[PDB]
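There is one chain below, alone, in structure tokens, taken in the form deposited without the named molecule.
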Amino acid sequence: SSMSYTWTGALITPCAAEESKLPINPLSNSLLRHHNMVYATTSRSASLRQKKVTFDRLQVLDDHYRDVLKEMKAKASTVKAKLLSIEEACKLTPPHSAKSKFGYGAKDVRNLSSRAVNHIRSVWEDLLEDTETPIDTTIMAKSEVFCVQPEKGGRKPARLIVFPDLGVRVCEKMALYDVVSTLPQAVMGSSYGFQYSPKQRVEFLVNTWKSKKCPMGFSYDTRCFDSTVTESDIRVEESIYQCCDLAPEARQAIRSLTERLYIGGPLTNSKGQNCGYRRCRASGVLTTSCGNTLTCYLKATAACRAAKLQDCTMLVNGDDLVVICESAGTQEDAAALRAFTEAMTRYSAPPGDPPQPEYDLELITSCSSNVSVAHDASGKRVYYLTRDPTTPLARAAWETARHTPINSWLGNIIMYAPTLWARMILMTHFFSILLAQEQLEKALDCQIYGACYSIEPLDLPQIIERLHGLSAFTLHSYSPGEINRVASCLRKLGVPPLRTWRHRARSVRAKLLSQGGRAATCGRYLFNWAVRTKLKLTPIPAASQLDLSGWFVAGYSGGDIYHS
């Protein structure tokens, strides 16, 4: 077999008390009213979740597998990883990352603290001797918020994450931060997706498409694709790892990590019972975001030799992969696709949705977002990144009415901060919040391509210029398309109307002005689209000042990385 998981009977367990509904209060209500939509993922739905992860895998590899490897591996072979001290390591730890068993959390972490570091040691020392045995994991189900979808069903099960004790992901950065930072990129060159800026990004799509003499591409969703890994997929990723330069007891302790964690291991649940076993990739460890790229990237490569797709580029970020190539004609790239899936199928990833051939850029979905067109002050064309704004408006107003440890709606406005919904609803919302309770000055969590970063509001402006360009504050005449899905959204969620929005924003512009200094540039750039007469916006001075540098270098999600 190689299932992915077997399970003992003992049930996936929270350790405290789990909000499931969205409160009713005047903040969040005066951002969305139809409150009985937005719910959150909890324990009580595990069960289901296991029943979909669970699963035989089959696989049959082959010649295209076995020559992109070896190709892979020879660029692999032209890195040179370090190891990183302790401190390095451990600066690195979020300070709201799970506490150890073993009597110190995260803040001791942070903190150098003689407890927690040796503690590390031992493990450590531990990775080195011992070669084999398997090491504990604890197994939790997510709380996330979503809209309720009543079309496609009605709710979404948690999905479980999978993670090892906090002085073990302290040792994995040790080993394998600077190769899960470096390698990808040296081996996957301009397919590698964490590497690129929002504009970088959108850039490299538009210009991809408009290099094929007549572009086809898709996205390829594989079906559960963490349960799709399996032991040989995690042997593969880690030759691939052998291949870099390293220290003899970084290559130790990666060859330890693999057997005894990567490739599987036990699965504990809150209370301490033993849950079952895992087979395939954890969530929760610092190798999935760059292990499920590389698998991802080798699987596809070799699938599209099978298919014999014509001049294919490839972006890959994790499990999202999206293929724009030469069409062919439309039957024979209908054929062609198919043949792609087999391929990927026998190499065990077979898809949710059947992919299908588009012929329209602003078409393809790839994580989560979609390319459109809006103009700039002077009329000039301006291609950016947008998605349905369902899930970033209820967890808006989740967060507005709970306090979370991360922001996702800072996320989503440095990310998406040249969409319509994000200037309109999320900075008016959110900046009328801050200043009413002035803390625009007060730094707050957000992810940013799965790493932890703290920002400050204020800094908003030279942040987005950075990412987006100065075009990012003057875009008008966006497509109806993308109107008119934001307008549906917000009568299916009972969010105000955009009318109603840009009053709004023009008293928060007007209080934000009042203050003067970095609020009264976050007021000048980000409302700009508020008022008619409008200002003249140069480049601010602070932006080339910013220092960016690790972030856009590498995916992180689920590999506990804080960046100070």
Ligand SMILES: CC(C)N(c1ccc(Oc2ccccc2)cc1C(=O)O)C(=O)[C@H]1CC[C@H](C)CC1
Contents of the next structure:
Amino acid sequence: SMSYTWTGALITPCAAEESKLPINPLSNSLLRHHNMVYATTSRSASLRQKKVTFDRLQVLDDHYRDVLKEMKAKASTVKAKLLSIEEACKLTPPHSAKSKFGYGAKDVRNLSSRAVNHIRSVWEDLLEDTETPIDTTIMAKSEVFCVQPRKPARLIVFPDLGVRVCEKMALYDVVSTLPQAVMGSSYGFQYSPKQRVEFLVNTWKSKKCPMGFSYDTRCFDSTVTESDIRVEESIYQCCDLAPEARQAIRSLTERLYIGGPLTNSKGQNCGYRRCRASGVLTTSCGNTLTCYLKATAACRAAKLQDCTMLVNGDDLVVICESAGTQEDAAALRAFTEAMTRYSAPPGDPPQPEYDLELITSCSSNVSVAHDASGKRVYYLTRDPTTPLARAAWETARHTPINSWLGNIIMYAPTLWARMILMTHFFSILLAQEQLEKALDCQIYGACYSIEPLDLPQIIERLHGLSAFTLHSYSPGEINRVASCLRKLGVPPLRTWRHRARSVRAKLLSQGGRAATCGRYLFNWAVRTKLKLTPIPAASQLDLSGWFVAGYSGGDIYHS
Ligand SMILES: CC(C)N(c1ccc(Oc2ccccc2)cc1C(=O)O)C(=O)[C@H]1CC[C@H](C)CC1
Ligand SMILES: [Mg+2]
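Pass me the form deposited with the named molecule bound as well; I've looked at the form deposited without the named molecule already.
Every component of the complex follows; first up is the chain already shown.
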């Protein structure tokens, strides 16, 4: 069937949409070519709609069924709990889209009589009505990028706040613990960036002759079929579940996840969906399970040998035992055909990679640098173009989510996050006298509130003290960063070094936590290095819930 059907009504915005970067005195010091920076708007929605709309092809074989049963057996060990309204509400982000039933984010978290009473009625309804298609709103997502030698906005389909709270009640526990139980070490969201690298590097070394590749599925969400979603429900159903939760999953599956009507911001019937919705609680879990299933089965059809998968939603990377250049290329092609039959055709054709640093998964790649002692140290990085374009935009305008803070946390050891983002933002935060202020950001889709002053500890716990001393990066990483700077018009190292030394001095004079950031974060900038000993606060940090599972589109907030 058709991934989508359209009525003609347009996907409309719900206010004014900024497309260009504001000429700002502060954004200009970070990036000079402001015209290369842009944000998607509903004005490009038509272009997107045509790309995600198509008839899906699907043929299932014995390999698929086999892997499916393997997966179900493991799911069979699971015991999901079911959250009470109270907890599900606690999980709602303070700034999440309001409900059309008289209440909003704040009321939900505050457990207002009106919000809880409505939520209750939606839950009862999910228990009584097993059919009626649940209404969703479709919107053009606004995201920032740098022009290329432009991207049309992405679309998001999400149900009402009321319905979202119920999804949590019935599936929060499931989507937080079933992926790991079913896929084990292949589930990428259980790893912190450093743990992801270690898993990738060790996996790579465990091969006599390693061969690896990333697989890009062309619009993965639209390739998800009604069948894949029921197969996915079948996996969830192997769990021990409270009666009400079992019915909630059954009804939410037929009424929401397999598809339903599309309404715009004006309240107009836009069309219908018969593929994955991007703004539902099961999206990450669902996509990860389905990609792993098709991929694993695809590997068997292709005869790839000793495959180790690493899956994060629709993002996939496979590392296996080489069989030779020609044989690897043939196997890879066979893999792609198997995936195509399973309704997961490629966007970018896949290519075998014999160099670990050249494999990009989760928009990132593993690379290597050196610590003070001089020992090689592997770490996660990525092309900084987008991270930087967005740092510029968030500098010029107020945004709910600060990706820059999220990028500093996840890529702390990188040459670009240290030299550019830390310097730029600590300089700016000192000025505005807002170093104490907590900011929201996302990690694997879950929303968190973090104090910039804590970055030193956070970085030590997740990356180790070496994140403050890495130097001598790879020639490949250096060219990528440098050619990035030229493109966006970012000041060179010298300028940044001067700024960092000036910010570092200012941070050291304040003492307390600010001096902590001064000493650690900017030690790369001075010549007279300061001995960097373990930060006490790093040994008393609970950062486990940070890397448990994916939540993108889940409307998840970790208090
Ligand atoms: C060796 C030495 C001088 N050096 C480098 C300076 C420039 C560079 O590569 C470029 C080139 C152009 C633009 C940006 C970086 C790479 C390195 C390195 O450590 O290998 C450093 O000490 C870095 C160490 C990390 C900080 C955070 C910035 C300076
Ligand atoms: Mg893709």
